[PDB]
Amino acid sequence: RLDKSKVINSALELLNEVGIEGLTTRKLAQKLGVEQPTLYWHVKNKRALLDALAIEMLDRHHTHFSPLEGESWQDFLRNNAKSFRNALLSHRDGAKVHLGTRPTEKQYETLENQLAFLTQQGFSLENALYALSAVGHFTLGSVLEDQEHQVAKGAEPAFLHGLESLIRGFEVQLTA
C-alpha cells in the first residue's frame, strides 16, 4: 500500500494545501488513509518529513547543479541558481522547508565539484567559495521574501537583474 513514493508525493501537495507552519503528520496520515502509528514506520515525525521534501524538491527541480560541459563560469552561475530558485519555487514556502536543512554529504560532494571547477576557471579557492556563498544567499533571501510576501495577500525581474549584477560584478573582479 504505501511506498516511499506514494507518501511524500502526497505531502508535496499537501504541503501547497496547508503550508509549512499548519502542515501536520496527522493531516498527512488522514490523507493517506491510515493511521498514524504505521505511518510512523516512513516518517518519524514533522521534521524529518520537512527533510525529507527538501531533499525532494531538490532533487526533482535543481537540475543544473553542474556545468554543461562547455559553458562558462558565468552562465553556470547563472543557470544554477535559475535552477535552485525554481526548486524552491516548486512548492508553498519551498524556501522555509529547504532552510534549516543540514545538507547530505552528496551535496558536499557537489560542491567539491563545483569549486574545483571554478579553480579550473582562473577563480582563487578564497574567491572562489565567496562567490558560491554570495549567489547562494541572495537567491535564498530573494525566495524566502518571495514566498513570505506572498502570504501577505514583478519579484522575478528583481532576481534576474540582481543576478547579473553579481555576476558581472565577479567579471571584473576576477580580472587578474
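Positions refer to the first chain, counted from 1. What changes on going to the form deposited in another entry:
- Comparing the chain between these two forms, the rigid parts pivot at a hinge, and of the candidates 118, 43, 85, 131 the one placed there is 85.
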The other form holds:
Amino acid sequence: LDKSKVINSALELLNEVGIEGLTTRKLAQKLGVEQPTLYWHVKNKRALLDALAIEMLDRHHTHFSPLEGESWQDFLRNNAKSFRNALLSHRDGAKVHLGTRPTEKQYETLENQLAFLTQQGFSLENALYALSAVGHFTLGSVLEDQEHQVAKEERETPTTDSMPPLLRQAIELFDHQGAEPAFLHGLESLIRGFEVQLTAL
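Let's compare: the form deposited in one PDB entry is above, so bring in the form deposited in another entry.
For this one, just the chain is written down, with no partner chains and no other molecules.
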C-alpha cells in the first residue's frame, strides 16, 4: 500500500458518501487493511483532507503557477478558474479544501506566485492580498452555489410569497444568467480593482 493508493481510494469514498461519511474506518475497509495501518499514511482526518485537497490541485489546478508570458491579470483570472475546477472535481470538494495547509512540495509553486506578482509590480503585501482575495472569492462562490443546490430541495414549496418587483427581477436574472457568470463577473471586478490600486500607487 502506498500513499497514492490511499488518496485514490479516499477520493472514490468521498464521491460515494460525501465528506461526513469519509472516515479512516471506511477507508481501511475499502483498501482491505486494518485501521491502524492507515495511520502511517494519514495520521487523522485533517491529514487525509489536506492530501485530498492537494491531489485535486495536482490534477486540476492547471493555473496554480503563472504561465510564461501571462500578464498578472490573466494569471489571477486563470488561477481562480482552474481552482474552481479543482473544487468541483469531487463531491463536497470545496468543503474538503477549506482550511488546507500546503506541504513543502507546494512551496516552490507558492514562492513563484509571489515572485511573479512582485515582478509584475505588486508589493509583497498586496500580492498576498490579491492571491488571498481571488481564492476566498472562489471558495465562497462554489460553496454557496453547491449548498443552494441541496438546500432548495429541503424547503417546502410555499402557497404564498409576495415578492417586491426589483427583487423578483434580480433573482430571475441571476437564475437565467447562471451562477458561473456571476462568479466571472465578481472575479473581473476584483481584477479591475487590483489594477486601480496598483495605478494609484
